[PDB]
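Colleague: Read off the chains here:
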Amino acid sequence: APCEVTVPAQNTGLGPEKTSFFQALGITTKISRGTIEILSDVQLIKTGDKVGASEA
Amino acid sequence: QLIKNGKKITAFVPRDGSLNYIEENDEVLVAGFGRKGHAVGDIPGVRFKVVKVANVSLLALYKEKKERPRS
Amino acid sequence: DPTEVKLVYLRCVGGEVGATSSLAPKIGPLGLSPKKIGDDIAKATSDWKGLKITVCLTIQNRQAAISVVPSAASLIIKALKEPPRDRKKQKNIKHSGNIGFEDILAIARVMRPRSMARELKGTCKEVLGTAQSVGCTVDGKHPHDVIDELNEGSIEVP
Amino acid sequence: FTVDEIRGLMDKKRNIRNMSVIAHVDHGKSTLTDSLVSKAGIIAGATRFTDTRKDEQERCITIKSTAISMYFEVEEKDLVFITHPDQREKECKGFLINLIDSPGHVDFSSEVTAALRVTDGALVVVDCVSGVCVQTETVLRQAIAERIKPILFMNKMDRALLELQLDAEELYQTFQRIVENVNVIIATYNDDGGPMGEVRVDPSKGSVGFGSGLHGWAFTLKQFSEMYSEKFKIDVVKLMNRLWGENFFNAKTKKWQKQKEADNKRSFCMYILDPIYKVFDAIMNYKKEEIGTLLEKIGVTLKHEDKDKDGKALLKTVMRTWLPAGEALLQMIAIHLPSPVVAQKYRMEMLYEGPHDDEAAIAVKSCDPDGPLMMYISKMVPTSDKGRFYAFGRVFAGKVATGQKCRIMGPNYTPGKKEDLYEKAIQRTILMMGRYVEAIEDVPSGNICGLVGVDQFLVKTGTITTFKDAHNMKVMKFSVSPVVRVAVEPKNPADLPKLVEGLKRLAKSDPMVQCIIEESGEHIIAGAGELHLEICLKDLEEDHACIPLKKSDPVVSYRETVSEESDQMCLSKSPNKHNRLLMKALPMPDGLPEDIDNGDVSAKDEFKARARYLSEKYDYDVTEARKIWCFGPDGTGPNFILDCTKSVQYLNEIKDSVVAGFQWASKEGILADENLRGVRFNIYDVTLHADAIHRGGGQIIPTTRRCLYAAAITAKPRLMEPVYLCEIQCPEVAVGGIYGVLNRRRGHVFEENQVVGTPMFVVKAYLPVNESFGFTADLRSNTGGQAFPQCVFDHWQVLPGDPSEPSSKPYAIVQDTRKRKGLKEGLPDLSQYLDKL
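Same order as they appear, the protein sequences are chains Cq, AX, CK and Az. For the first sequence, the entry's author numbering gives the first residue as 117, with consecutive numbering after it. For the second sequence, the entry's author numbering gives the first residue as 73, with consecutive numbering after it. For the third sequence, the entry's author numbering gives the first residue as 6, with consecutive numbering after it. With the entry's author numbering applied, the fourth sequence covers 4 to 49, 54 to 844.
There's no promise every hint is true.
To be verified - Computed cross-link-like contacts, EDC-like style, restricted to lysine to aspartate or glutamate with a CA-CA straight-line distance of at most 16 Å:
no. : chain 1 : residue 1 : chain 2 : residue 2
1   : AX      : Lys137    : Az      : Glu426
2   : Az      : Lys505    : AX      : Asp98
3   : AX      : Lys138    : Az      : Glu430
4   : Az      : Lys406    : Az      : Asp449
5   : CK      : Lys31     : Az      : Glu739
6   : CK      : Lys93     : CK      : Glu21
7   : Az      : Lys828    : Az      : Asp680
8   : Az      : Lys505    : AX      : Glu99
9   : Az      : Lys265    : Cq      : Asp157
10  : Az      : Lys84     : Az      : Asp209
11  : Az      : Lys406    : Az      : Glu448
12  : CK      : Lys96     : CK      : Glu157
13  : Cq      : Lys134    : Az      : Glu739
14  : AX      : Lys137    : Az      : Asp427
15  : Az      : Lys425    : AX      : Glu139
16  : Az      : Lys511    : AX      : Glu99
17  : Az      : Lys424    : AX      : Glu139
18  : CK      : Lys146    : CK      : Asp91
19  : AX      : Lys124    : AX      : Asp88
20  : Cq      : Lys146    : Az      : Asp809
21  : Cq      : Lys162    : Az      : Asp270
22  : AX      : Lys138    : Az      : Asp427
23  : Az      : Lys100    : Az      : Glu80
24  : Az      : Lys723    : Az      : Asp650
25  : Az      : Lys406    : Az      : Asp377
26  : Cq      : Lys162    : Az      : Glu268
27  : Cq      : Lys146    : Az      : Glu253
28  : Az      : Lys267    : Cq      : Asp157
29  : Az      : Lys591    : Az      : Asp502
30  : AX      : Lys138    : Az      : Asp502
31  : Az      : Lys425    : AX      : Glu136
32  : Az      : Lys272    : Az      : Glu303
33  : Cq      : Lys146    : Az      : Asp209
34  : CK      : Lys126    : CK      : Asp91
35  : Az      : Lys481    : Az      : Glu360
36  : Az      : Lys511    : AX      : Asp98
37  : AX      : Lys76     : Az      : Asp502
Claimed, not checked - Not close to chain Az: a few residues of chain AX, all C-beta gaps over 10 Å, as computed:
no. : residue
38  : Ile75
39  : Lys80
40  : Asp88
Simulated from the structure, these hints should not be mistaken for lab results. Note that beta-carbon positions come from the ideal geometry of N, C-alpha and C, so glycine has one too.
The shape of chain Cq in the complex, shown without the other chains:
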């Protein structure tokens, strides 16, 4: 990771899909009327930390 990867709390705005995939590495995500939303600005990944294939 060259930089602190951050995810912005807003709709993505995706189908009734894989909420589980985000929540697996615990991006805290909910659905807010049927569009998948990110529930809070979180740093997934911190400088020099190896990006998992699932998170990539």
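For this one, chain Cq is given, so just place chains AX, CK and Az on it according to the hints.
Modeller: Leaving out everything else, chains AX, CK and Az in the frame of chain Cq:
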């Protein structure tokens, strides 16, 4: 085929159109032709009448006064 | 907050247009524009010249859908053919290959919207000409090295 | 608590909740409902009637339909929390909760939907390890359509803790994924969320509870916040959000923490799951010392001659004495739960086919028991009084008279329609408790009621209304098609009356229960599921028919066609041999038979007027079109007499005997007997025996049969097989598996269209009937079972199949049908049929 005896009878369907009202595997009332047995008139071996299909009567159904219970 | 709405959206494939509960879904109803109407408008430009797998840019301006067929040079050649069995026997097969079109292909080369890393017409003539599987150039001519000797349209459009 | 008490609590409508359990098999529908029943203590109370139809219990097997009511009282402080509707104050502490009878039964269940459709509430069981589970989604999609507010319990927590060894933090991510994976279904199908307001089952509303259903075993978030509220001086309302686990517990600073930073001890671990883990660890390791201290800190009361035995036995008693499985379930039911008073207001559009502005519709909103009786049936269910069929019903509009004269409206009841409306009195109105009957004088809206003898005029789908202007009953959507069909015939041929009587009994008993007679004298019994059909098949054998039953196929329904030009010059002779008829057979240009069936091609149709349609559009020679004789079989049929003979003087006499032989021949197909597919037969030349004494119908009816038979064989004879439209519903990744199956079955796709297109696919496809068993299994193996099929009866399509050649694709069918009919095992040939001029 009567319920008491399993005996096979041929019975006539008196008043109009009537086989259309009979429908195979329906419960039918068998009554006789008022002849002390003896086959009708010019009708071979039909000692009997039908008076009802599905408990309503044939008679009511032709005039149209009544309508057949579903099944 | 939408202000002015100049929005660009891409959709492929025009047989006639469709209309049978099909189409975008997704893009066309929260773009306010319609569902049913947008392909009826799309017929006009994919109607007479070109029924054969479009590539259509729909551009939304408030509730207006502008079906431009992105100067879809492929369709232009295919439609330049010996042409208009519409349907109910296109069915042999849409690859009907024996059509001359010298300077109507030239207009198709202009339409390819300036972009071609060109030098205009000299270069652009070669690129669409070679792209022919269907047309095989000019009536009595094959195609490949005929192209290099194109003494025609060069100055006219620059 | 007697009968009189129950009646008082019915009037009670704001404190009623009519509900269902929604779950996967084997995810503990049975265990939670047993846990509820044990703890019911007023009106149940000893592990009651979860799995009532034997082998239901033995298999554990939630087949199927009955029976629970619960009473529990409400916490004075807890009453205040209770949200819903027009300042009641959801009045007086006691709440009746009526739990109905969910089939686990992933089939999308006409029985499942029947329970659901009334269905003010739902309890959703999803298991922690196997989380969402298509099986929950399927029942939930239907529930959420029917406006179905769910409340989730994540079950089998102990499997995670004991077996898996379950990572405290790891268990939170599984909780988060799974709850939100329920919100996949809820969020999209809320019909509109926001006027359905955020149905939103998450965890800080603590509408989600945590799962020891085997160990009963109940996880309240509300329960936790109430214990900790007086300890941290903290705000019960505040604490719900703060135990909602970006809830950072920084003990050092005392810090309420939105803070995952510095290494961040989640609230749902720290204070909640950590004491729970400690009870499990300290007990299952026989640490008699540590057990003592843990029990005392949280106050663990040691309960009777049960002190005996160490770890697992101690685990059940201790977890039960802490944590109220019934109580946790019940709190969530009481507090957020579906009001019928609240509930019916929203649901109105769904329920009423008529008038939303109608007087009856307005009464259902308000739950006015002074209203026109509005009854949704529901089912007729399961009585060991198999001498009839006791109706499961709900009151939504006016009370429930013993014996009110009630107009019994069968499902397609339009009120200007005299059609099957039966006005008869209801003998008894009944509490269904669930294998027992209690007789009650009055049914208030919004209560669950049993009706007797609605049975005979209740084959299925009912609405009962004193309302002449009322307003049937949107039942229909029970479908997810009953296409899994087997023909049932008795081993006993004397047994036949008991069978037929039993078909009426099944059809009352089961609203998935479709019983129809095939054309090839077979009684078809049809289930949503292969498994639901197995269940029905057992019920007929054991109970309703008491029969001795043979279960075969479906044997299917053959039709016979003619492809080309009659080579021959086909000539018959009478048994008096003077009688000769000369005949050709033709096709059948393919749009035209379809037109006759449609029925654009009217056989009562004035021949000259309808000749024009046959001639101009159809390519009909104009004269032949006028000259149709006969449509045959039964003469509305797609097969023709064309009278190419116009001056065989004789003709006028002979026309009736020709028409008769045509009808016979057409039913009577020479190949397989074997009706009559799109053949035109053209009458040649006819040569007269002078005497019309010896133009018998006895002579001529055979000439026409023989010659038609001769014409059809030169005729290059062919068969037909039927093919069906299949609407198969997929969350997009699943579409691939549909196609894989169709390939095996040789068919044909249709079209593919998507609703709001992250929105489920509907894939439309051609499947031939004989290959289409086991559809539900094969689709589901590939999908991996997202695969939900629906299938018609679309189509009769022609095979290029020549039966005269025992090439054996068409003629195999032919040979089998002939042999049953007894019915000379081949013979097809023109030697029999032709008298050489």
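Colleague: So, for every hint listed, does it hold in this structure?
Modeller: So, going through the hints one by one against the coordinates:
With a C-alpha separation of about 14 Å, the suggested pairing of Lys137 of chain AX with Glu426 of chain Az holds against the 16 Å cut-off. Between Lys505 of chain Az and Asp98 of chain AX the alpha-carbon distance is near 13 Å, which keeps this suggested pair within the 16 Å criterion. At most 16 Å may separate the alpha-carbon atoms for a hinted pair to count; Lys138 of chain AX and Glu430 of chain Az meet this at roughly 15 Å. For the hint linking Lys406 of chain Az to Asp449 of chain Az, the alpha-carbon distance of about 6 Å falls within 16 Å, and the restraint holds.
Pair hint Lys31 of chain CK plus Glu739 of chain Az holds up; C-alpha atoms about 15 Å apart against a cutoff of 16 Å. A threshold of 16 Å between alpha carbons decides the hint, and for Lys93 of chain CK with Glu21 of chain CK the separation of about 12 Å falls inside it, so the pair holds. A hinted pair counts as satisfied when its Cα atoms are at most 16 Å apart, and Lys828 of chain Az with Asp680 of chain Az qualifies at roughly 9 Å. For a cut-off of 16 Å, the pair hint linking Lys505 of chain Az to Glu99 of chain AX stands: about 13 Å separates their Cα positions.
Distance hint between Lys265 of chain Az and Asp157 of chain Cq is fulfilled; the C-alpha atoms sit about 12 Å from each other, no more than 16 Å. Among the hinted pairs, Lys84 of chain Az with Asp209 of chain Az is inconsistent with the structure: their alpha-carbon atoms are about 23 Å apart, more than 16 Å. Using a Cα cut-off of 16 Å, the hinted pair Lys406 of chain Az and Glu448 of chain Az holds, with the two alpha carbons roughly 10 Å apart. Between the alpha carbons of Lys96 of chain CK and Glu157 of chain CK the distance comes to roughly 36 Å, so the proposed pair goes past 16 Å and is violated.
A threshold of 16 Å between alpha carbons decides the hint, and for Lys134 of chain Cq with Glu739 of chain Az the separation of about 12 Å falls inside it, so the pair holds. For a cut-off of 16 Å, the pair hint linking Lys137 of chain AX to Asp427 of chain Az stands: about 15 Å separates their Cα positions. Taking the CA atoms of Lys425 of chain Az and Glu139 of chain AX, the gap is about 10 Å. The hint holds against a cut of 16 Å. Note on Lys511 of chain Az and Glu99 of chain AX: the hinted pairing holds, with a Cα-Cα distance of about 14 Å set against a maximum of 16 Å.
For the suggested pair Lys424 of chain Az and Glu139 of chain AX, the alpha carbons sit about 13 Å apart, so the restraint of at most 16 Å is met. A threshold of 16 Å between alpha carbons decides the hint, and for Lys146 of chain CK with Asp91 of chain CK the separation of about 28 Å lies outside it, so the pair is violated. Only pairs whose Cα atoms come within 16 Å are accepted, and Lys124 of chain AX paired with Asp88 of chain AX is accepted, the gap being roughly 13 Å. With a CA separation close to 61 Å, the supplied pair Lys146 of chain Cq and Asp809 of chain Az exceeds the 16 Å bound.
Taking the CA atoms of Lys162 of chain Cq and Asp270 of chain Az, the gap is near 14 Å; set against the 16 Å cutoff, the hint holds. For the suggested pair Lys138 of chain AX and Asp427 of chain Az, the alpha carbons sit about 12 Å apart, so the restraint of at most 16 Å is met. As the CA atoms of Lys100 of chain Az and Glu80 of chain Az are separated by approximately 5 Å, the hinted pair is consistent with the 16 Å bound. Pair hint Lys723 of chain Az plus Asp650 of chain Az does not hold up; C-alpha atoms about 22 Å apart against a cutoff of 16 Å.
Only pairs whose Cα atoms come within 16 Å are accepted, and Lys406 of chain Az paired with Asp377 of chain Az is accepted, the gap being roughly 8 Å. Restraint check for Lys162 of chain Cq and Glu268 of chain Az: the C-alpha separation of about 13 Å stays at or below 16 Å, so the hint holds. This hinted pair checks out: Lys146 of chain Cq and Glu253 of chain Az have alpha carbons roughly 13 Å apart, not beyond 16 Å. Between the alpha carbons of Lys267 of chain Az and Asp157 of chain Cq the distance comes to roughly 12 Å, so the proposed pair stays at or under 16 Å and holds.
Only pairs whose Cα atoms come within 16 Å are accepted, and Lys591 of chain Az paired with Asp502 of chain Az is rejected, the gap being roughly 48 Å. With a CA separation close to 31 Å, the supplied pair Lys138 of chain AX and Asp502 of chain Az exceeds the 16 Å bound. Between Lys425 of chain Az and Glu136 of chain AX, the direct Cα distance comes to roughly 13 Å. Compliance with the 16 Å bound is thereby established for this hinted pair. Proximity of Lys272 of chain Az to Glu303 of chain Az is assessed by CA-CA distance (about 24 Å); at most 16 Å being required, the pair is judged violated.
This hinted pair checks out: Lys146 of chain Cq and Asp209 of chain Az have alpha carbons roughly 9 Å apart, not beyond 16 Å. Under the criterion of a C-alpha separation no larger than 16 Å, the hint pairing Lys126 of chain CK with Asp91 of chain CK is inconsistent with the structure, at around 32 Å. At most 16 Å may separate the alpha-carbon atoms for a hinted pair to count; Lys481 of chain Az and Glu360 of chain Az meet this at roughly 6 Å. A hinted pair counts as satisfied when its Cα atoms are at most 16 Å apart, and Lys511 of chain Az with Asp98 of chain AX qualifies at roughly 13 Å.
Of the pairs offered as hints, the one joining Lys76 of chain AX and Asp502 of chain Az holds, with about 14 Å between alpha carbons and a cut-off of 16 Å not exceeded. With a least CB separation of 8 Å from chain Az, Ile75 of chain AX falls inside the 10 Å interface cut-off, contrary to its annotation. No beta-carbon of chain Az is positioned within 10 Å of the beta-carbon of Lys80 of chain AX; the least distance is around 13 Å. No Cβ of chain Az approaches the Cβ of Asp88 of chain AX within 10 Å, the least distance being about 20 Å, so the stated non-interface status holds.
When each numbered hint is compared with the structure, violations occur for hints 10, 12, 18, 20, 24, 29, 30, 32, 34, 38.
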